Amino acid sequence: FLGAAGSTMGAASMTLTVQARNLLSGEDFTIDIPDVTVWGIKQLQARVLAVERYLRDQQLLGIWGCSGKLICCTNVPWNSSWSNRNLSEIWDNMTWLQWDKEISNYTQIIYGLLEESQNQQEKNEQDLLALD
Amino acid sequence: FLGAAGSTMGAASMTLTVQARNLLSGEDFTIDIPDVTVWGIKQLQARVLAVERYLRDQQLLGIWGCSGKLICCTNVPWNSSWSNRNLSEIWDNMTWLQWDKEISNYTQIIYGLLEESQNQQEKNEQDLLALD
Amino acid sequence: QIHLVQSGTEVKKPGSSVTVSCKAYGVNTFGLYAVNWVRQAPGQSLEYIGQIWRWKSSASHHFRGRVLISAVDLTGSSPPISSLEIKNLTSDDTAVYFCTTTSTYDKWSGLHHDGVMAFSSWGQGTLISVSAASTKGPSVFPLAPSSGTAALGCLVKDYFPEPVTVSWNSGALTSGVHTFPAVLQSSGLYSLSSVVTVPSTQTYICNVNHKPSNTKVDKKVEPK
Amino acid sequence: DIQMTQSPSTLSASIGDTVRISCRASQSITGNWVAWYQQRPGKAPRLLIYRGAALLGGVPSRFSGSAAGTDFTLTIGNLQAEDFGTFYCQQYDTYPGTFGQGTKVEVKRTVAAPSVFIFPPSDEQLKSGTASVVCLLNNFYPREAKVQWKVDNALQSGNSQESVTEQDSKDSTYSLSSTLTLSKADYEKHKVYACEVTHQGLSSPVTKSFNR
Amino acid sequence: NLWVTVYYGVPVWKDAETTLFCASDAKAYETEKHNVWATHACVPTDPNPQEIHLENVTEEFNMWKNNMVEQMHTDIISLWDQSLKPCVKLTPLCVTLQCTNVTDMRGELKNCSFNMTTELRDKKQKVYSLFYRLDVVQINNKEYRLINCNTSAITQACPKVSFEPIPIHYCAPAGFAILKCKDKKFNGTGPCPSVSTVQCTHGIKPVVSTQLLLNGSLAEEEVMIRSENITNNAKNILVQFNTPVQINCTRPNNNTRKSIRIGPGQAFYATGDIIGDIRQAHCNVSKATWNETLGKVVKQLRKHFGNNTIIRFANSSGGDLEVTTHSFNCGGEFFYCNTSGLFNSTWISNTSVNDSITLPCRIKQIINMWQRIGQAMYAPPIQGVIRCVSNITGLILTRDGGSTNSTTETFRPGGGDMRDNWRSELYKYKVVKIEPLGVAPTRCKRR
Amino acid sequence: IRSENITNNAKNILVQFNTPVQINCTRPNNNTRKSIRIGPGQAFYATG
Ligand SMILES: *[C@@H]1O[C@H](CO)[C@@H](O[C@@H]2O[C@H](CO)[C@@H](O[C@@H]3O[C@H](CO[C@H]4O[C@H](CO[C@H]5O[C@H](CO)[C@@H](O)[C@H](O)[C@@H]5O[C@H]5O[C@H](CO)[C@@H](O)[C@H](O)[C@@H]5O)[C@@H](O)[C@H](O[C@H]5O[C@H](CO)[C@@H](O)[C@H](O)[C@@H]5O[C@H]5O[C@H](CO)[C@@H](O)[C@H](O)[C@@H]5O)[C@@H]4O)[C@@H](O)[C@H](O[C@H]4O[C@H](CO)[C@@H](O)[C@H](O)[C@@H]4O[C@H]4O[C@H](CO)[C@@H](O)[C@H](O)[C@@H]4O[C@H]4O[C@H](CO)[C@@H](O)[C@H](O)[C@@H]4O)[C@@H]3O)[C@H](O)[C@H]2NC(C)=O)[C@H](O)[C@H]1NC(C)=O
Ligand SMILES: *[C@@H]1O[C@H](CO)[C@@H](O[C@@H]2O[C@H](CO)[C@@H](O[C@@H]3O[C@H](CO[C@H]4O[C@H](CO[C@H]5O[C@H](CO)[C@@H](O)[C@H](O)[C@@H]5O)[C@@H](O)[C@H](O[C@H]5O[C@H](CO)[C@@H](O)[C@H](O)[C@@H]5O)[C@@H]4O)[C@@H](O)[C@H](O[C@H]4O[C@H](CO)[C@@H](O)[C@H](O)[C@@H]4O[C@H]4O[C@H](CO)[C@@H](O)[C@H](O)[C@@H]4O)[C@@H]3O)[C@H](O)[C@H]2NC(C)=O)[C@H](O)[C@H]1NC(C)=O
Ligand SMILES: *[C@@H]1O[C@H](CO)[C@@H](O[C@@H]2O[C@H](CO)[C@@H](O[C@@H]3O[C@H](CO[C@H]4O[C@H](CO[C@H]5O[C@H](CO)[C@@H](O)[C@H](O)[C@@H]5O)[C@@H](O)[C@H](O[C@H]5O[C@H](CO)[C@@H](O)[C@H](O)[C@@H]5O)[C@@H]4O)[C@@H](O)[C@H](O[C@H]4O[C@H](CO)[C@@H](O)[C@H](O)[C@@H]4O[C@H]4O[C@H](CO)[C@@H](O)[C@H](O)[C@@H]4O)[C@@H]3O)[C@H](O)[C@H]2NC(C)=O)[C@H](O)[C@H]1NC(C)=O
Ligand SMILES: *[C@@H]1O[C@H](CO)[C@@H](O[C@@H]2O[C@H](CO)[C@@H](O[C@@H]3O[C@H](CO[C@H]4O[C@H](CO)[C@@H](O)[C@H](O)[C@@H]4O)[C@@H](O)[C@H](O[C@H]4O[C@H](CO)[C@@H](O)[C@H](O)[C@@H]4O[C@H]4O[C@H](CO)[C@@H](O)[C@H](O)[C@@H]4O[C@H]4O[C@H](CO)[C@@H](O)[C@H](O)[C@@H]4O)[C@@H]3O)[C@H](O)[C@H]2NC(C)=O)[C@H](O)[C@H]1NC(C)=O
Ligand SMILES: *[C@@H]1O[C@H](CO)[C@@H](O[C@@H]2O[C@H](CO)[C@@H](O[C@@H]3O[C@H](CO)[C@@H](O)[C@H](O[C@H]4O[C@H](CO)[C@@H](O)[C@H](O)[C@@H]4O[C@H]4O[C@H](CO)[C@@H](O)[C@H](O)[C@@H]4O)[C@@H]3O)[C@H](O)[C@H]2NC(C)=O)[C@H](O)[C@H]1NC(C)=O
Ligand SMILES: *[C@@H]1O[C@H](CO)[C@@H](O[C@@H]2O[C@H](CO)[C@@H](O[C@@H]3O[C@H](CO[C@H]4O[C@H](CO)[C@@H](O)[C@H](O)[C@@H]4O)[C@@H](O)[C@H](O)[C@@H]3O)[C@H](O)[C@H]2NC(C)=O)[C@H](O)[C@H]1NC(C)=O
Ligand SMILES: *[C@@H]1O[C@H](CO)[C@@H](O[C@@H]2O[C@H](CO)[C@@H](O[C@@H]3O[C@H](CO)[C@@H](O)[C@H](O)[C@@H]3O)[C@H](O)[C@H]2NC(C)=O)[C@H](O)[C@H]1NC(C)=O
Ligand SMILES: *[C@@H]1O[C@H](CO)[C@@H](O[C@@H]2O[C@H](CO)[C@@H](O)[C@H](O)[C@H]2NC(C)=O)[C@H](O)[C@H]1NC(C)=O
Ligand SMILES: *[C@@H]1O[C@H](CO)[C@@H](O[C@@H]2O[C@H](CO)[C@@H](O)[C@H](O)[C@H]2NC(C)=O)[C@H](O)[C@H]1NC(C)=O
Ligand SMILES: *[C@@H]1O[C@H](CO)[C@@H](O)[C@H](O)[C@H]1NC(C)=O
Ligand SMILES: *[C@@H]1O[C@H](CO)[C@@H](O)[C@H](O)[C@H]1NC(C)=O
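Protein chains in written order, with PDB author numbering: chain D, 522 to 653; chain D', 522 to 653; chain E, 1 to 147, 153 to 205, 210 to 233; chain F, 1 to 30, 30A, 31 to 211; chain C, 33 to 135, 140 to 176, 187 to 399, 408 to 501; chain C', 271 to 318. A prime marks a further copy of an entry chain.
Just chain D, same shape as in the assembly:
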């Protein structure tokens, strides 16, 4: 649970599943048996926005070239203008917190390449290749 946040990106890929589990899920099944008008909304407001924030992430995962959780790849080429770096300088020498810091400017740009350039243009491409 977040243990590799201080570690390098290369080491952070091993514990990736643990973060996926706990973040994704509520399974406490505790409370809500006897009603209250007051406090109960408060324990509602938190978990309702939680599932709204949850489906928000799942949409990006679906509309992109993933359609599945954890890791998935894409046909989007990595631009030189986006963090021009060494491969060993990223995973081995650099950390995720340090990484997301620089990409902050190109983050919104990259998102467009996933939904527009791919799953809009890829699925249509697939339809044309599946006809023959």
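Keep in mind that a hint or two might mislead.
[To be verified] Stretch-level coverage of chain D by chain F, calculated; a stretch enters the list once three of its residues show a Cβ under 8 Å from a Cβ in chain F: (1) 592-604; (2) 616-630.
[Said to hold, decoys possible] Partner residues are not named here, just some residues of chain C' that face chain C (Cβ under 8 Å, in silico): (3) 309; (4) 310; (5) 311.
[Unchecked claim] Partial pick of chain C residues on the chain E-facing surface, computed with a CB cut under 8 Å: (6) 46; (7) 47; (8) 92; (9) 94; (10) 236; (11) 277; (12) 350; (13) 352.
Think of the hints as simulated: they come from the structure by calculation, not from any bench.
Ideal placement from N, C-alpha and C gives every residue a C-beta, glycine not left out.
For this one, chain D is given, so just place chains D', E, F, C and C' with the ligands on it according to the hints.
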């Protein structure tokens, strides 16, 4: 956003992603910070039925031969009795609003071919073909 | 709000050791605020010296070990104070030194980049002049106009230390006056000039006050 | 160790004009770690923009940054009086941080020729054993100017010091002085001393001399 | 060469604010007594709370900017009103009170006779009660009235529920996380070398008190000194003790409950006659234990105010009763204690120039805490003598503005804001939201 | 001009203007508030 509703089905396939985005998502994250007994249920009743209506659509997408959003194909043959037409008479000469109008009788029939004839009989077929 | 008050002007001789202090007013602690020491050479650009961040002193490969940055947090009688020491002073260290700080609490702020950062708050600045010289009195000479229009002024030479205040008619003549900045002569003494533009009798005068040498001497100006 | 290059070193711009000051790094900076500072004469430098486009709170909207690869540029629209001064670009991308050459934004106005005046050494100074000839340059635009010393139609190197005033508050002009420091013995060995100045205002060469 | 790839569940979080819920440890529910304090439906705590130590991580904490405090403060307030809503409202108690001096200590108790409405709306009821001097005010024999009637309304707390503080773990919903600072010495500000994460905070007893932190968490090694702005005398100084200080607060009056009937259906509990010791409420503090603590604390203040200086203690300056005295709840009753005896001392550089000590305490049934207007709560009488033993885990202190800064400094007990009380337990916690979505370049591409 | 059923006189006729009409409505009585106390805790504002 719905801009091609008046346009032909052929042109309506380009902006398909836009409709998918906005319809799918709530990301306002506005309100619900300070509690009210009265009005608050009203702003609840709307978004709660919204996510219920949402998962309803996602189920059909899953139980059918799609398992993914936007466009996906299937092994169900198009019946002649279902809108006997010309291919250029559908996408190029006809519109979606005009299209769903005629299929209204066969809509419930087609739905059956997707869940029963395919993913019930296809996945079982897949299990028999993956053994060897 | 945030106020950075540094020490006074230090004039020190080569080979000696200098210590400047920076009092940081308005800062809750140096835990949430990184302190960087930057110097500026006269007529030249800015140069990064070192920093103290997370209570860890650091400095550029230029000054490694030769520069010592120490700081103490907020106390009950005074705001957080940092101090910079430079031993083995040379003539190239005469740059103006600045005490700076930056808010590090925001983890996704563009201000900082893992030790290397920008500088949000700037101090008053502290000038360090490195020269081997003893205090001396100013020499005042008149500059007489020969004859377009006319121009006359007074010349102040060989004084130490700075500054000196030059007036005209005891502040009566405030217009058309341009006072040139002191120049450092090869002898280690300062020299400047004050000139006034006159058209076409009034018999102007010069008012010179040098406080370190306590010389209030005043010289007149006569046309040849 | 990055080296930041600014262009130009100084520029002339008027009020209302749109000023663009660029900067280039020895390598490509990505993540856009670049800062732009403003410094008024006699005052401490103030932070304006960080991360190349991100403006600090309290700064007018007239300032706009741009950051792409090796090339960086700061854009200032609708120039005003308080904006004039010296600007520096800085990279915090890597240890340690390095600044740029600096860019002096200087007030624009019609080019003005200086009025040159030359002052012979005072009598009391001659008794000290030294003689200083002072060449004067009155209000002139821009600051850049040349002053050479000819003794009996011969140039002099060394023993020469010049001084320049700050830009005038209203006139927006500069003033320049020139100091020639020589001994008494060498002073008596020559006859005519001349001060040669060249500036954009003159549009001709000027020389002021005295026959003592 | 490479290609972009979506990673889900990357270790990335950002500082944010969310709505936190409670946890009761699933034992407090078996404690029953008809919804003690918070716990009614309160969430059962996970029997095995998880604490994950994050290696190679340094996070900067600020306890004064912590948002968990503001929620907890509003929680106790919101919790308070909901307890008073179903209960019996005392509205027609504003009847004139004819009082007289009780049979010593300048007649602190008043025996009051008054007219009252019965179950029937026809005939009134002539009955007497016993109120403390703080609960009544005369209006011009001796005639008195309720002290709260001119200011606000009033309602009686139900005898079924108890004000007894029970451990409450604050936890975060899905998508969020809570950071814990594991260092032994932490003042609440600056970077934290060792940081761990937990789903639920530790056991926190919402004990509302003034001038004394009661039933709190002990510090590690040296005692801790915490203040928002230290050199500023306008900001209170929070102290955390190492060893707990034994404190005794009792009600040396053995009482009885009248349980008068003001129907239909409602019954008020009046204070009957006192049978037992004739005494005023008192608070005991062991002279040896307080002194030992004081000597260790006074040395810690000199890590700021300088190695050598004179530090003098004195009782409260002045203000509301809640500020000037030690206010708390024991056995359902609300005590207000005089701390002037403990704070009378003068210390040298390392030293200061009997077997017990006592502190006179006053009792007030009708209270408005948190500067609340419109709602006043009446503390119901308790059968028998109440005795309680608690830990003193810290103080709320203020520094004088008079300076003479380079000479000497004097410190006095603070009060007012109850958020400081919660900041005492919440200094090591803060709320952040986790960002799972991430992108990284790799060769895999796609077919 | 808008109406649900026009020829029907039982239905109201809604009109929408082009240019706004300036209207002034004032209370030409300069008053004071008594703020009488009908406690405990409640206070009514009477017209003085
Ligand atoms: C809350 O809480 C928190 C926590 O809990 C807290 O925090 C805290 O804080 C504090 C403050 O207050 C702190 O403390 C501090 O610290 C600092 C720092 O330290 C560090 O550093 C240093 C320096 O460094 C450098 O050097 C070295 C040498 O050695 C090296 O090595 C390094 O590296 C560096 O260097 C660098 O640089 C260079 C250039 O520059 C280059 O070249 C290179 O390369 C690099 O980069 C050091 O020294 C140190 O060390 C030490 O220590 C340690 C421990 O700590 C140890 O380990 C070591 O070994 C050593 O030790 C020694 O010493 C000590 C001292 O004390 C002792 O103790 C021991 O025993 C031994 O002996 C470190 O590393 C510092 O700086 C400071 O100090 C200060 O203070 C004190 C008192 O306290 C004093 O005494 C001193 O002196 C100082 O003072 C100063 O300053 C001031 C201001 O500025 C002034 O005023 C004065 O006067 C002074 O000055 C003087 O001196 C100087 C010199 O120094 C000179 O210059 C002048 O002139 C004069 O003479 C302090 O200490 C802490 O730490 C913290 N903690 C933690 C945990 O972190 C807070 O505070 C709270 N808050 C509240 C409100 O409460
Ligand atoms: C947390 O709490 C702490 C304390 O508990 C708070 O700290 C307080 O922080 C404030 C900052 O908001 C401080 O006030 C500021 O003080 C500075 C510095 O003043 C001192 O030094 C001056 C110069 O000292 C040098 O020079 C002399 C002469 O050579 C030397 O001998 C010295 O050794 C030094 O080298 C000196 O002039 C000052 O004295 C004057 O002021 C004091 C205090 O009022 C008087 O007692 C004196 O008699 C004398 O009058 C002092 O010794 C000031 O520079 C600040 O002034 C700015 O702000 C004023 C508004 O308060 C404003 O009116 C001024 O014009 C001035 O603003 C100028 O500077 C700005 C920044 O550059 C410009 O933007 C602006 O345009 C203008 O040019 C200010 O007064 C408090 O002193 C400090 N508390 C204590 C006890 O020291 C902290 O704020 C709290 N923070 C939080 C988050 O809670
Ligand atoms: C919105 O608002 C509007 C108005 O604001 C509402 O409009 C109103 O709509 C109702 C319909 O529900 C109308 O009533 C109906 O009128 C018709 C027509 O009546 C006129 O014409 C008759 C014939 O005219 C021709 O023939 C002569 C002779 O050659 C020529 O000279 C003419 O020029 C024509 O060519 C004529 O006979 C009528 O006169 C009689 O009625 C009027 C009105 O009461 C009297 O003043 C006269 O004196 C005279 O008695 C008239 O001029 C009628 O045919 C309708 O009658 C049906 O409904 C009756 C119930 O109301 C029922 O009792 C009848 O038996 C009859 O039902 C017959 O027809 C049905 C359909 O075929 C059959 O299913 C049924 O079994 C049976 O066979 C009816 O009276 C209103 O007139 C009209 N308002 C106005 C002002 O005109 C509208 O309803 C509103 N809508 C909404 C949604 O809000
Ligand atoms: C800081 O922390 C400390 C420590 O955690 C806090 O101190 C706590 O204070 C609580 C009271 O507020 C106290 O709760 C008490 O627990 C006692 C022990 O219970 C256990 O033992 C009994 C057997 O005796 C078991 O059955 C039970 O299941 C438990 O295992 C109880 O004995 C206490 O009840 C008595 O005290 C309270 C007030 O303190 C009365 O309201 C209550 O009615 C009881 O008083 C009657 O009984 C005693 C004798 O037991 C008589 O002397 C007395 O006069 C009363 O008798 C009359 O009244 C009753 C009805 O009230 C009637 O039936 C009878 O006939 C008479 O008419 C109480 O339940 C915690 O135990 C205690 N903590 C610890 C560790 O002990 C402190 O409060 C905290 N600070 C703050 C600010 O909250
Ligand atoms: C707040 O209140 C609490 C609770 O009352 C106080 O804490 C208690 O403090 C007392 C005294 O300081 C302490 O009582 C002693 O506890 C010992 C065990 O820890 C007992 O052994 C001892 O009993 C002996 O002494 C009594 C009185 O003299 C006798 O009545 C008793 O029979 C005992 O005598 C026996 O033992 C001797 C040998 O030692 C033998 O020769 C005899 O034959 C006989 O067998 C005391 O009772 C309590 O333990 C403390 N309680 C707690 C929980 O710590 C606190 O001090 C108060 N604070 C203030 C400020 O007033
Ligand atoms: C690279 O990504 C960076 C992400 O942070 C970009 O930084 C952001 O850039 C925008 C561009 O204009 C800034 O927008 C301006 O913001 C200021 C100040 O906003 C902040 O401060 C106020 C004042 O306290 C605070 O209330 C806000 O919540 C902000 O946190 C506004 O005054 C302007 O009107 C304008 O909106 C962002 O402020 C800035 N920082 C952020 C978002 O934290 C950077 O620009 C990107 N680089 C490039 C080249 O585009
Ligand atoms: C205030 O704190 C001081 C300590 O700073 C306390 O002084 C302590 O006094 C007692 C005696 O009353 C000492 O006990 C003695 O122990 C010695 C050694 O065992 C023994 O020979 C004596 O007969 C006596 O029992 C105690 O040691 C001493 N503290 C220290 C640290 O030495 C003082 O008691 C406190 N205030 C009060 C209320 O006394
Ligand atoms: C408080 O005053 C009431 C009277 O208002 C006392 O009650 C009386 O007590 C005497 C005993 O001396 C009886 O003879 C009376 O009949 C009682 N009258 C009523 C109305 O109860 C009461 O005793 C006083 N306080 C106490 C109980 O000490
Ligand atoms: C709290 O304790 C102090 C200290 O004992 C009390 O101060 C006494 O006040 C009375 C007047 O009310 C004086 O006659 C005494 O001389 C004071 N005592 C001392 C030692 O000076 C104080 O009264 C107590 N309670 C309150 C409510 O103030
Ligand atoms: C990379 O980005 C630059 C500017 O952002 C753009 O000009 C270029 O076309 C991009 N290249 C690719 C392959 O996307
Ligand atoms: C009762 O005691 C009070 C003290 O609170 C005193 O003021 C009053 O005079 C006493 N009444 C009588 C009748 O003695």
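| field | In rising order, the numbers of the hints this structure does not comply with | value | none
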